Each structure stands twice: as C-alpha cells, then as structure tokens.
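This report concerns only the one structure given below.
Note that one protein chain is taken out, while the other chains of the complex remain in position.
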Amino acid sequence: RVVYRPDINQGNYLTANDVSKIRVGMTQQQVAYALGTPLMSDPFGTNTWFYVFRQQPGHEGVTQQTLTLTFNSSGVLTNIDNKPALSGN
Amino acid sequence: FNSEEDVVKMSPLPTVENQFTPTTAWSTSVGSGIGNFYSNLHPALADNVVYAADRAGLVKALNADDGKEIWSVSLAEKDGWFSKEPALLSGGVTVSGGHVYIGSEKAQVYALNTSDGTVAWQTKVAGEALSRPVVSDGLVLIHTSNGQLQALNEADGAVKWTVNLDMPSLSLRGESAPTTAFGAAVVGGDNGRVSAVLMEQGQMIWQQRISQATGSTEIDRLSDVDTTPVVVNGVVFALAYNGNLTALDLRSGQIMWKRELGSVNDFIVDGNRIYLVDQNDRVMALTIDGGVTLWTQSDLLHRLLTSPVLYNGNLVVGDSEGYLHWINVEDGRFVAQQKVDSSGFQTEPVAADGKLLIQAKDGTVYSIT
Amino acid sequence: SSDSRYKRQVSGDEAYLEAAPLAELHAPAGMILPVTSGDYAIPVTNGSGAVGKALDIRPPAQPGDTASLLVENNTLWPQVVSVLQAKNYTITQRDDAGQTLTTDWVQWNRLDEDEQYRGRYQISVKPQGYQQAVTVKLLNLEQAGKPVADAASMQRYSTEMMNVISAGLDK
Amino acid sequence: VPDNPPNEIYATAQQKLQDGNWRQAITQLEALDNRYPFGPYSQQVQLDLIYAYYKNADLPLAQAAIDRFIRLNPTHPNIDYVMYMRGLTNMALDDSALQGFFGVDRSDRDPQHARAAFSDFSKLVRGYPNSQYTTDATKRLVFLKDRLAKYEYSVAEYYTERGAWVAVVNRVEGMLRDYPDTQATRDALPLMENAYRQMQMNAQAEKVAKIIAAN
Partner (left out) sequence: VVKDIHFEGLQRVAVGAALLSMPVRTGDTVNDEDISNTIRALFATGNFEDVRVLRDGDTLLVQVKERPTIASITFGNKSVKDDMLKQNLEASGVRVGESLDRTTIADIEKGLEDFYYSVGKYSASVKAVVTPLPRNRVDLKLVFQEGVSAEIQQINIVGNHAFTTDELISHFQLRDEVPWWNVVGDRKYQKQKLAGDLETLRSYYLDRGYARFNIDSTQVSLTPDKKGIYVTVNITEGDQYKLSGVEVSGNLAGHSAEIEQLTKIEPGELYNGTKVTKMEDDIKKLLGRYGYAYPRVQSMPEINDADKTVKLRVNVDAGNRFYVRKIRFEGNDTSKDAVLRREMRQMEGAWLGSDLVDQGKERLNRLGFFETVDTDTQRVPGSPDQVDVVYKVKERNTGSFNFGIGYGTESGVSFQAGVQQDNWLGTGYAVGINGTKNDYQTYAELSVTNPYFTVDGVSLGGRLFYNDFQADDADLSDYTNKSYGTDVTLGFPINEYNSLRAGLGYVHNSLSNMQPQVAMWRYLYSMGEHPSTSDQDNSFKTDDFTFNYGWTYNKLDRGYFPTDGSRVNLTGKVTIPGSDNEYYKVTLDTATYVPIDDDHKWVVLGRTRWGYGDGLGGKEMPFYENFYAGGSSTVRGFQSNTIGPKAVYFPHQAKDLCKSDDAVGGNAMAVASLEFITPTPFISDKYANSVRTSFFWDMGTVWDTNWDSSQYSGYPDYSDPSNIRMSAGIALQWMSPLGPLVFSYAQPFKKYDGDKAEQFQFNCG
C-alpha cells in the first residue's frame, strides 16, 4: 500500500546547463574535468561513457535523465545521446 | 587520597649553649606580613626610625627605640577596585632622600614620603619588581621577572631607560639588585650570566657565565644566592647565581679564581674572610685571594635558614622556627641561641649602628639586644 | 582416555578440501571481457604433497636434510666415539679409520610410538678444519618396519642424532 | 615457576608439550624465551611457541609472534612453515564462530580475514614452488577465492533487491573484473542483465545477454 520509503537516487549528478558545455572533438581529460567522473562506464566493448541522472523520491514516479556519450579509439569524442525522460510508465 | 607524605628531614637543634644572653628589646607588629609566600620584605632603617612593610597593604613608620608609630598609612587603593587591591608588595623596602621606594608585584614602585607616607608618585614598570630597589645617583634600578633593568628618575619616576636580558623557561626567583660602582652597576641573572652596564645611557659592557649545563639537566644553580654581587678595589665577587664562586674585574670581568663547589646564599666582605652559606645550611669562611676554605661549620645542615649578617664580631643566621644562632668568626660552633618567634623567619636580618633588627613572618620586628 | 592424535593434525574441518573447480569463461564473439585485472590469480602447481588431516604440521625441528650446525674446536673422534657410549647404543660397523661410522636401528621415543622409529644412521664426524662434523645422513628409517623416508620424516629423526650428541658433548 | 639453567627446563617443556597439554608447555616455553632471550636455539622456542599458540586457540598472540619471527630474521631455511602457519591462523580466525555447526553459511560475514589469508598463501606459493605446503595452500586458495566471490554476490543481490541499479552494475563489473571464474559470477550475470534492463539501456543488456547465452 502506502507505508514509507526513503528516497532513492543514483549518482553522476547533472544540471541542465553544463550539458551545453561538452562538445565534439574534446578530450576524455577535458570532459572528465568538466562533468566529473563517469560513475558507470562501458565495462567491455568499445570505450563509452554513461552519465545517468536517475532519482526516485519514493511513491511519486521515477525521474531519470541520462546521457551516455560515445568516444573514439584515440580517446576523443564523437557523439552524444540526450535522454531527458524515461518512456515506459 | 591525601595521606602521601614522604621527604628527607633535618637536624633539629644541636647543642644549645649560652655563651651569650639573647633578649628581645621590643616587638611591634605591622600585621601580616608575608604569610608563607616567598619575597624580600626586609625592613630597612635610618635616623633611628625603622620602616616595615606587609604582604598586601599597609606600611608603617616605627621609632627605633621601642617601636612606636610615626605614620602607619595603607598603600592599597582606598576604594577597593576588586577587593581593597592587595598590592602584593614584594620589593626590598629601601630608602634614600626625603621615601621607602618599595617594590611590588603589581608592576608598581611606590615612591613614598618619609614625612607622612604620601605617595610622591606611583609608576608602572615592565613586569613585577621582585627585586630590591637601590638608589644610585638619583637613579633607582629594578631587576624584574622580564629581565628589564628599567632605571627611573628619582623625584618623578621618569623611566630613564630599560635594558633587556634573557631567562630560561624554568627559573628561580633570582632577582639581583644592582650595585653602584662609578656609575658601573652590575647584576646577576636568572640566565646565569652576569653583565656589566652603564647608567646614563643604559648600555652593557661585558658578558660572562659561571656554571655547567642546566635545563632538562637541572644544574645546582638553585641557590639562596645574594644574586646581588659585591665589588672591591676593581675586582668583584659575584657569588654565582649558581653559587660556584668567581672573582672578576670591572672592565674585562674575567675569571680570577673559581671555587666551583655549590650554591651560595649571601656573602660578607671584611679584611679577608668571605662568610656565606651554601645551599645546604653550610656556613663557611673563605679568603679573598681565592677559594680558600678557612673552615666549615655544617651544624644546621638540611635545616634551611636565611642569609646571614655580620654583627660586631658575631655572625648571625635566621631559621625556619623563630630561632637565632650566634656564632664566632672562629669556627664556628654556636656562641648562643635564642627562640624568638614561632611562625618563623624568612628574610634577611639587616643591622646597623648597633641596632640589629629583623622581620618575622608576620609579627615582624624583634629588636634583639 | 583420548590420545594418539589431535597433535600432528591441523585444527578445523575438512570441507574446503572439496570446493568446486574453477572452470574458465564463455566468451562470445564480437566482444571482450573485463578479465583485464588479474591480481587474485592462482598460479598452477603440480605439487603434490598430501593434504587435510593427513598433512603433518608438527613444528619443524633443527639442532631439510641437515641444515648443518657446527662449532669449531682438541680432537673429537677419540672421545665422540665414547660419547656414543653415553647411551650405549648399537653399531653396524665401528670405523676408527675414516673417523666416522654407521650404526644399526636406533629407536627414539616421542609421545607417538607408531611415529617412533628404530632407525639406522650414518655417523658423519670428522674435524674437517676448522670444522667439527656433527651430522648424520639417515641410513634406514621405517614406520616401525614400514619403510618410508619422505621429507618431514627424514628431517625429524635427523635432528635427534643431531642434538643427543651435542648433549653427548656437553658433559 | 621455578628456575634453572635453560637446558633441562626446555626439555621439560618438550615433554609436557609432546604429551599434549598446552598451557603448561606454553608457560615453560615463553619462560625459556624470556629468561634466556638468546639461549641455545632461542628461535626454536619461538617456532614451538607459535605452534602451541595455534594448537591452543591463542590466535592473536600466535599472529603477533609470527610477525615478530618473520621480521626478526626473514631469511631462514624453515620460514615457509611460518608463512603457512600464518595462513592457518587467518583462515581459522575467519569462520571461528562454531555456531555454524547449527548449519548456517558464514559466506556473508566480514571477509577481511579471508583476504589476509589469501594474500599470505599467495605469497607463500609464489615464493616457494616446491615446498612441503604448496598443495594444501592451493586448495585453500581456491576455496577462499570462491568465498570472496560469494560475498560480493550477496551484496549485489541485496542492492538489486533494494533498487539501486547503478550500484548493482558497478559491483558486478568489479567481480567480473576480479573473480572471473567462480560459480558466483556465472550465477550473478542475470543480475547485471536485469539492471541494464531496468534503466532502459538495451544494447548493454544485449551484450550481457550474448555473454550469458555463451554458457
């Protein structure tokens, strides 16, 4: 029913402005400095990062914006993926 | 949790004899006094009038015939600021000019008035004046607990100048008063390094050192040493702040001989003997030329006393029980003994022109016959 | 009324002695795995010493074959021989000539008689120096008749003839 | 405790130990060490000391004496024994709660002891290939590895029950980075799969699915 639950959130915090800073052609170094460290990286396959801002305040939906930018062998960046919402509830 | 006494003891009272007949002419009080605190409140004397002092407040003015008052004014501020302002007087009560320029602990040197006891002026000084003031050409001087030989204009207290010295972390209340010698004063030091200065500008000309290493290696510099030295004919006898006797000149201030034995407590110069006591009640006699043990009486050993004084062919020393002990210059057994106070004796029995006096703990005076 | 064991056996259970084998991942094509951090790795080894309660743990002895201990001297052979007779033990052949000899079964006695063996010894004693040879290469050691001469066995009963001759000198 | 020169009393300690009674020999032995810090074989007494400590549950002091002997004179023809003994100390220290007799699984408690034990045995093995204590060391190694894997898997299970679906992925990645052979990993994989499923990250789920299908 409706009893109680402490709020649940998962790391890699985000704003809605700095995500206008990062750009193509930048470095792993520049990006890592800009947005902090990617808490959830691609353990295998190609190197690729996953910045996910997911949050559950408990019994009131679940908010999550995620952005998992691509990369390149040389350690440079190629593409990004702006997922602001979670389709599917 | 309060039953933990343990210490070494002392010889109680060897062989009282009666080769003299000691009596107490008169004993006025000035009230406490000194209690048990350590100080130098020896009462001085002139013009057949003594001038005692106390711990906190009053002074007096007692005639030196039976101990009758001339004026007994307090000194602490009338309207008690915190509580009647215990002035904590701890300076040697000297006098000169018109004037018992008493020392203090509140960093004050009250220049009083022999006439009636009205402050000619107060004055603040760096640190406390644990020493005894000494007049020298209208220039008093004060050794402090901050090593500052701040001289002062006599009539006003106009601070002529100061000179800084050093001091270790832990010391004793060694507070050498200077001694005049052709403007060239001289003092000891809690450091252990006698200096030599000039008044008119406050400038030192020379430095020395006496004893071995101390500080976590505490040397026998602890001493009832009359940190105030003496000088004769251009040579000094600065019985060391330690006590390791040394003889030195004025200009160079160089070692003439080193009787490096113990820790001095006083000295007296007459002819050739140097009577004194060394750190353990050990009354000795030494010659001018060098460290020369004329003899050694050690009766009262470990039973602490006060610094001695000559008196018409009879050295005398105080005690911790109100006893007097009279001794011939020839070693050195007692020539008599009295028991004149109960509280005890702490300070130096000063004497002059026949009149021998001393302050008790509190019931100060005892005009000895 | 409980003895003869609990003393040369490791304490505890023996469940660990049967853990599952470490099969290896399993690794589909077109992909890598994050095995890239081998530091808890296990190096292979043939062995093969016994395990479990069968494994001896009895603390090692010394005065493993003769981690030698000597102390230079005058001569020793003319008296170390009778240093034997300090115990009056057997001989297979006395040899004053080579200044050494070899003996027959010698039976020590611990608190474990089955473990206590009658044993044969090659007494190695000469002054080779500047050197005083107190060592013996085990000759014949059997499990009270069952001939076994592996390391701990060969190490231990060596140490007996080791010291009981120093103790044979300290007279 | 009476007093003598060291020889006879040390032999007495020998007797009262070989019997089996510990604490008496313990006393005599630490004595012979103390009253003669550099006696006949003043380290022999140390080895016997640690052996008795172990056989008498004196775990912490055993540990301490082990360290002291090691750092006192590391190179020593028998030190491998001491390595192995330290390993036993850690291991037996781990599951010490005999309550497990009731039938519970210890595999979820503090693992730190297992970690020290594993480090020790590893150092022993790679430092001495053909010593007397290699095999049993290896067996214990394997078992400890499995234990650690199981522990981390427990944690991951708890989280995936909670919901924290980035903690799950991180923990599983860590295991898969460190214990990539035990049963625990081949068992936990579906957890990572489901996690990736949750956060609408699919291609990742397909990767882990190909993995899990390759077994």
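To keep things simple, chains are lettered A, B, C and D as they appear, and every chain counts its residues starting from 1.
In this section, contacts are C-beta pairs under 8 Å (C-beta built on N, C-alpha and C of every residue); 3 or more make two chains touch, one makes a residue touch a chain.
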(message) In the whole complex, not just what's shown, which of D:104, D:203 or D:214 touches the removed chain?
(response) D:104
(message) Using the document's definition of touch, tell me which of B:119, B:155, B:158 or B:170 contacts the absent chain.
(response) B:170
(request) Considering the whole complex rather than only what is displayed, give the residues of subunit D touching the chain that is not shown. (result) 5, 34-38, 96-97, 99, 102, 104, 106, 108-110, 112, 151, 154-155, 158-159, 161-162, 164, 166-167, 170-171, 174
(request) Please give every residue of subunit B in contact with the chain that is not shown. (result) 1-2, 4-8, 36-38, 82, 88, 105-107, 127-128, 145-146, 167, 169-173, 216-218, 222-224, 304
(request) Since one chain isn't shown, list which residues of subunit A touch it in the complete complex. (result) 3-6, 8-13, 36-37, 39
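As a working rule, only the chains that are shown with their structure count from here on.
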(message) Distance between subunit B and subunit D based on Cα centroids, please, to the nearest Å.
(response) 76
(request) Indicate the whole-number Å distance between the mean C-alpha point of subunit A and the mean C-alpha point of subunit B. (result) 86
(message) Where in subunit A do residues touch at least two different other chains?
(response) 43-45
(request) Flag every residue of subunit A that touches subunit D in the complex, lowest number first. (result) 8, 10-12, 39-40, 42-45, 50, 52, 54, 56, 64, 66, 68, 83, 86-88
(message) Looking at the complex, which residues from subunit A come into contact with subunit C?
(response) 43-45
(message) Looking at the complex, which residues from subunit D come into contact with subunit C?
(response) 7, 18-20, 41, 44, 47-48, 50-51, 54-55, 77-78, 81, 85, 88, 91-92, 118, 122, 125-126, 129, 132-136, 138-143, 145-146, 148, 173, 176-183, 185-186, 207, 210-211, 213-215
